[PDB]
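Single chain ahead, by itself, as structure tokens, in the form solved without adenosine-5'-diphosphate (ADP).
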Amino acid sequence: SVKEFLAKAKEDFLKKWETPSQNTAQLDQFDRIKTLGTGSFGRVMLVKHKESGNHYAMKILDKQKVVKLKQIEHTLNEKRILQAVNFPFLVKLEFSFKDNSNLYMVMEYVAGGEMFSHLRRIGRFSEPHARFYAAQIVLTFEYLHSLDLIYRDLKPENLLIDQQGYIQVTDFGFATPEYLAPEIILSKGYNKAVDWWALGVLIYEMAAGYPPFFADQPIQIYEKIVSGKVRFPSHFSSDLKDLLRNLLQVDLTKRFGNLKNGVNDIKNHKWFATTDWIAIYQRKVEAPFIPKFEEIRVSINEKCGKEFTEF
């Protein structure tokens, strides 16, 4: 079923990595609305595509600053990967182009805001509601790992909600103390497994309203993490308590998703009996929460054309 699927998404991704798509639009096809924030190389702008009326985040990159800071390589690679991946729950790079001065990466724009906005509003999610999100995350993770990519750092601020109530995982890094994984703290290095720890922490916070380990000082926090003693709230279902026990396994060798049975230990567990993994993927599942409804100086002559031919 899914075991058949991901091999084609992988087959598809590798086709795109081997032959990258370049220069898929131009600056004047969009209206520039406001600035969302700034990177080191240019600002990021909320733009609306003139033709489709769709909204996008346009990251701008001054070719020359990218050079000065010796970031040619990372950038080209960031893009190469980005144009290559395509997953429902990851924010997609929809257009990439370049002109005399700048490099442009155009991302899907997600209106709905952080899911933590909703968590903090409600207090904490019902277990089914949280299951819903967990599911997508689980898939995403499976998907990244197949491409030998690791999510690593949990920043729940990067988990946003689309028009339909699903997740888009923005700011994907491919180049907070409370969500740190044991091995990291122990400077033991890491691997695909840390993601399941993350997943663990995440589910917890969703279901609980608060993170599992927390303290006054960071040092006290790490101790709790590493200790691997977690108190559960009175209301957690047994299946939940049990799953998290398996997910928040300090013993890297004993942590679900890293077992011989792999990611499948997780999909099959009792707390995920009620989950139609396909239907979730399809996006056919009814979502619990639907949300409420600038000059660019470009040079006359081309700079650093050589360096960014691949872009």
Contents of the next structure:
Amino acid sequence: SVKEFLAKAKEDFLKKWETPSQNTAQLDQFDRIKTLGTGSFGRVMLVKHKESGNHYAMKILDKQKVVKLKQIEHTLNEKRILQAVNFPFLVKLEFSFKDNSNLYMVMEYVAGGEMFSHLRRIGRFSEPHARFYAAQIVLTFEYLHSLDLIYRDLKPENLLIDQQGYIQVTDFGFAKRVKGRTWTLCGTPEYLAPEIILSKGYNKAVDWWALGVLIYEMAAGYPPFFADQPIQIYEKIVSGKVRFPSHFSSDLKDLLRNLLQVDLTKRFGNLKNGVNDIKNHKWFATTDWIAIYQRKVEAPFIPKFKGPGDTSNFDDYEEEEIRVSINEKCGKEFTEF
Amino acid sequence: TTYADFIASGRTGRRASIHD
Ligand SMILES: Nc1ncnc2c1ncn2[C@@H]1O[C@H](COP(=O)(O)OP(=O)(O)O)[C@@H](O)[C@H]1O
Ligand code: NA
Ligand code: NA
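Mind giving me the form solved in complex with adenosine-5'-diphosphate (ADP), seeing as the form solved without adenosine-5'-diphosphate (ADP) was just shown?
Next comes the full complex, and the chain you just saw is listed first.
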């Protein structure tokens, strides 16, 4: 029974939402090894936890950069939510803390790398491969949405492949607990729903739009709407005209027309039957939703793993000193972190 | 081809978030 599972899941989440974890480690408990990845204003490092010997991924945020980009509320959101959630395809936050200069979120290290790099290297995924991933996102969104959470940053760069070949969603930077509508222009351009772009107000159905983009991109090897500049991308999205590769199944194309639907009254995920319109679509007919939840399905691809702190599934990045001022910065701003 | 046009475009690497 999904109903009962989700009901208890909400109880668990709310407890943590109401009284969040805080200050569960400190910087000198870790040796910093190397950068795994970056975003517009964050850096993630592979690190080794001294007393356990375990490896982790440490997301480092410079408080002054957070502020300068007006991302305070988003960042508080990110940590508040991440610390509260619990789902098989969501990355685990293991520790969090702050110091004079930075905020830290220490996650489980997902050593298989970004879906992005595999996708680009391989070129595209078969429909069964794409479907395997897609199913995970469907369930994750079912989970998140049920808690009044909107994710808002679905993309291959934010999806990690684990040692079993299953997905782990990372980057809750734009996650928000909202009942009804919100207005922030945030996300990644190729993935933005038309209603985000048009400053209309929008709800959780943007996540379902993004799922469409994701499936297309996984299946095609390129996104449904691309161009050299974000503004050209926005024009295309807003037109909503979509073309599909020759090799796309009929089933696939039908699903995507219903996900990349510019009309909210028509978009799958946002109808009377909700996620069930997606789950019961012919394209997912072969999907055993429970088996997926339980991680019992055989993964199409399992990343090569060589030891505990192997990073060979990740690109190399330019390193920089992790500076900590002797003066506390933005103390008030980040009190609850 | 669309593939070729994508590959030749400026947005084939990792994409950063936007937040206005
Ligand atoms: N749990 C982790 N395990 C391994 N690598 C990670 C993990 N989380 C993030 N990364 C890497 O770091 C990059 C940035 O993480 P992210 O959370 O998206 O920061 P940002 O908000 O700046 O984009 C990811 O795209 C991935 O390359
Ligand atoms: Na990111
Ligand atoms: Na982010």
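Whichever C-alpha set is largest while still superposing within 1.5 Å between the two forms counts as the rigid core. Positions refer to the first chain, counted from 1.
Note: rigid core superposed between these two forms; among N268, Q282, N261, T38, the CA shift is 2 Å or more only at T38. Superposition on the rigid core between these two forms places the CA atom of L247 less than 2 Å from its counterpart.
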